[PDB]
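Engineer: Residues per chain, in single letters:
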Amino acid sequence: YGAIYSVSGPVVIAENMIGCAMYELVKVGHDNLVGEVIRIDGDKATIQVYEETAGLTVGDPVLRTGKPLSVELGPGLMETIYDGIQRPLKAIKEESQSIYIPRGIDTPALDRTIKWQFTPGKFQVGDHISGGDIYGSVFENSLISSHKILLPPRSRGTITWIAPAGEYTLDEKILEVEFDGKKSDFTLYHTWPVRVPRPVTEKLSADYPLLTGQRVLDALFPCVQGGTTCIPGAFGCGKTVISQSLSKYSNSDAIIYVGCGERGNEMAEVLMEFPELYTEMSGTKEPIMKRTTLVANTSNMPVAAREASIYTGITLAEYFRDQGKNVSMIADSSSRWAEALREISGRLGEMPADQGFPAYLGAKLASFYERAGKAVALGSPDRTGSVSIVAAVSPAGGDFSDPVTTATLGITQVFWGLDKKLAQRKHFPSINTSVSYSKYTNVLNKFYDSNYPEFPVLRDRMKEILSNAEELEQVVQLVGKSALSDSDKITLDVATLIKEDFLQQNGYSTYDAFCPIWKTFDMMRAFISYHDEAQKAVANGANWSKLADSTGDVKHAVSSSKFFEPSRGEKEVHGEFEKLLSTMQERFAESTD
Amino acid sequence: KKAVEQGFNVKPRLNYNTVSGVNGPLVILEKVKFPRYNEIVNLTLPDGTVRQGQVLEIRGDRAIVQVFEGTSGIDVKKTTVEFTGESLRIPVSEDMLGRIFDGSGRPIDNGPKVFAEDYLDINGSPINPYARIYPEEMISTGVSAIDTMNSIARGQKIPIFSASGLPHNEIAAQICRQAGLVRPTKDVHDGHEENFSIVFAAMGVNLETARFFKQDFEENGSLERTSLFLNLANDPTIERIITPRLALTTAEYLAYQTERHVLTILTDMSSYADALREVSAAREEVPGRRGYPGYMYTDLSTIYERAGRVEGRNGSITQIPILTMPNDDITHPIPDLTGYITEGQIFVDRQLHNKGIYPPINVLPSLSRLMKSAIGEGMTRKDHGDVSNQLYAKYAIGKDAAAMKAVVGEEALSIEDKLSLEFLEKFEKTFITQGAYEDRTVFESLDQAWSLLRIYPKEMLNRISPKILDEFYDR
Amino acid sequence: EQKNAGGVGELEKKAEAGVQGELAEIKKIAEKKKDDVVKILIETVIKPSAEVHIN
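Chains as they are written, first to last, in PDB author numbering: chain A, 24 to 616; chain B, 13 to 487; chain J, 58 to 112.
Be careful, since some hints might not be right.
Said to hold, decoys possible - Calculated cross-link-like contacts (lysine to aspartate or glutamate; reagent style DMTMM-like; alpha-carbon spacing at most 20 Å):
| # | chain 1 | residue 1 | chain 2 | residue 2 |
| --- | --- | --- | --- | --- |
| 1 | B | 23 | B | 94 |
| 2 | B | 384 | A | 296 |
| 3 | B | 43 | B | 73 |
| 4 | B | 23 | J | 108 |
| 5 | A | 205 | A | 190 |
| 6 | J | 90 | B | 130 |
| 7 | J | 96 | B | 17 |
| 8 | J | 70 | B | 231 |
Claimed, not checked - Going by beta-carbon spacing under 7 Å, a handful of chain B positions derived as facing chain A:
| # | residue |
| --- | --- |
| 9 | 49 |
| 10 | 97 |
| 11 | 306 |
| 12 | 435 |
Everything labelled a hint here was simulated from the structure, so no lab data went into it. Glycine residues also receive a C-beta, built at the ideal position from the N, C-alpha and C atoms.
Make the full structure from the sequences, and use the hints.
Structural biologist: If you want it as structure tokens, here you go:
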């Protein structure tokens, strides 16, 4: 078909290439290098080849795929590792037995050899089918019991043939639909353009919390499955616990992890830690890899792959959302993706808008984060999925002022402010309460009043007592320790107890690896009640020092409240917390005498 | 079997007396057949002088050659240029150790051309993300300023930040002459099959300094383990760009094919960045921040990531790029990108150099991002990390107490500050201060750090665990 | 210093011995394989390959 005309770095011009679309990917050269069209001049199309082009010869045929950058959606993309453009790095290594990635390799994104057990759905021959309609399910792995396969959203017609129950490979056709006479064959997989958001019937308001287990962010700065989150990706801030808690203990039915441009060492650490990370349901019996697919890109990869990493990840997340599975997408570093965009723009010579970034960076981020959210999936049956994004930001200079982090903070509703100092002092998960915030607190009021009505007032009471103690720390350093009133010292001690036994969570320990929402709420009640009882008793009673020294046993009890095993059962834990509160009330009543 | 029989195939390399014109360090050829991106040429001046060059741009019958060492005297009627097969490739072999090379790979000692085992592409290849492992050992540099503190892991990319007039070259030479594995010391001289090699690259290096490097490494046992590269300032600058590529190609070959532990040292990355600026401006390219090309991040990433331990192969690459701060500022693009790519850094301080202390490593602003893996029980010695932390804390306390000396007076300081001033004096005079030809093994460095840290009573050593104090304080 | 200078001849003798030991093997291998290498090179040079680089 086409032919190479001129090459200069990553950009290639192909002559007599009439009939190619805008962003249509093509197979460049005899090596069949993949490249994306970016400009058209009659028959001459400007191609942004991904890999190195030092070997291309003017005259090499270039074949147009006919489709834009599309990810292969279907069974077999779970538990797999991909690059930005969804190349099966595991299969890449196995088929070539080479240390490095072969240039121009074209291993299918989904394993074409695996035979998948397929049970057809309620749709039958002669029925009318539209995009997103489940016409069968495939048992992918032991954790994703039913991988609902979907008709592609842009396709519709009248079903004329369905493969019966059995085992099929992804190359086998299993569905024929008729639309305007022409037949269409549908296999177990379908490709979707990566940049167009995958459509839904209706996008709802995300109101169910994204329970991660980390008590500090599950209580103080909650997130909703379908919300957007921003965390600092700086070195040593302890974002590993956040990523592992979302991929290990969250409500998500699937996990999408994307490495945009992370360094090679860190990506290696991620790729070794994730396979040896096990789930929580049914008592830690399965690997989270069965629930997680990864997009991995080291420091030096095709820049287009780094730029398209997050788009591929969010497209996979949307594909699983359309099945009714609540997914959560974790971005290794949005700053690396912004750097990839900046280098792409520099290669294209576009006008630098802000600090060298393109003018559409804010729009791109806004659209990408709006791709997330709870939504009714397209087609029948009526199932609802959700995509939540936890994107990490890591400015080069750490000033937290470059436009990418400002746009992310403006768009994302919840920000979990991991801090260097807290991690230095061995305080984990090292979330800086003073700077962190969550705008989903108002939305979650419905869920709280339905489940834990007392939760919001307890949450903002803890917020204000920690803020008061934070400011009284400066007051103390200004004047002296003795200048505090009794109530001020009550606030100080309550805040210190909170920082030691509620915000701080060991994570590796069995008792606090996963703190459920009911246990979190019970600890909310315990700590807030302790503060309120101390405040009232001192206000209408004797000096604080005697009471606190005498009531140190109750303080130790509410400290050990962190040690209550959630595995004992929610009812048992709630009853034991009620016993603890009863003994607390009785013992404070005895002390105030 | 070795499938190298393709080397016997002979290809027609063409000669073109068709130079249309000369423009700066570039010559342009009109009629060159079947263009592909990059090649290597050997053009001859009308007076018979053979000159080498590279290929820059490619379009329909478009070829532009960037001649090494300029284009003086090149005419359009007599000069002829010979197009070699493909791009630059270094003749690499196991016996390359002990050889000194020019920036073009041609040996400059009295030995012959290296008897090649294979011609390796200079650019390299992208390592699969599915086949990487963490650096999990220690490289002993013999410098106590870099061993006890700022320890370098076996695979860590850690730079050395210095200024124009400071003796970074001397520290590089000392590291290269003294570098080695801690294991032979730890394994009681039983481990010898874990061979260790060094690849030293000198870029923009001054003629006297290059002579110093050559003479010093020749006059010591370092050369037998060292494959050495030089590039003079008056030498062609694209040779300066080639030099780190050659050095890392040799190091990668040795470590990941001969299963050697290779320490790579790159000298004066600032000169390499200047060469980048010159070559980027050679073509009609818009300059970037501070004049440097906009893709310098990617190039430094390519150079630096050719390091570390890999899955399967038993070798390792430890990289110590050395660069000069143009204006003693972190914000300059070269140190900024080097810190953004590498792991930690080592600071050579101007004031510490003026105060007559060598080697002048400034401990406070220098950290090793992977020091934890280099520290252990079987790895180095058990007390290593705690001693390093205690030394850092005591040095910082001594430093700010010395700063306060002129504000509150000596008598207003606590016993903490008195012992800290004494510790700082003895520290910067005996521990950091190390002879240029003095090789402290890591255990000797730890023993000196203990004898110097024994100033304080065990109560005052907060940064060290009591389990270590009950073991090492009393000797 | 004199004792250090005493070993100058011994070090030179050892270096010459090692050089001769390596040179013996080098010359033996060259003598054994020169005819084969020359034949291979002559066959490669005298037998050209005709092809079109369009494909």
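Engineer: Each of the hints needs a verdict: does it hold here or not?
Structural biologist: Going down the list of hints, with the structure as the test:
1. 23(B) - 94(B): holds, 13 Å
2. 384(B) - 296(A): Roughly 18 Å separates the two Cα atoms, so the pair holds.
3. 43(B) - 73(B): holds, 6 Å
4. 23(B) - 108(J): Given pair residue 23(B), residue 108(J) holds - Cα atoms ~11 Å apart, limit 20 Å.
5. 205(A) - 190(A): Violated: residue 205(A) and residue 190(A) sit about 27 Å apart, past 20 Å.
6. 90(J) - 130(B): holds, 19 Å
7. 96(J) - 17(B): holds, 14 Å
8. 70(J) - 231(B): holds, 18 Å
9. 49: holds, 5 Å
10. 97: Not OK, violated: residue 97(B) not within 7 Å of chain A, min 13 Å.
11. 306: Holds: closest Cβ of chain A sits about 5 Å from residue 306(B), inside 7 Å.
12. 435: Because about 23 Å separates residue 435(B) from the closest Cβ in chain A, which is outside the 7 Å limit, the hint is violated.
The structure fails hints 5, 10 and 12 (numbered hints given earlier, in ascending order).
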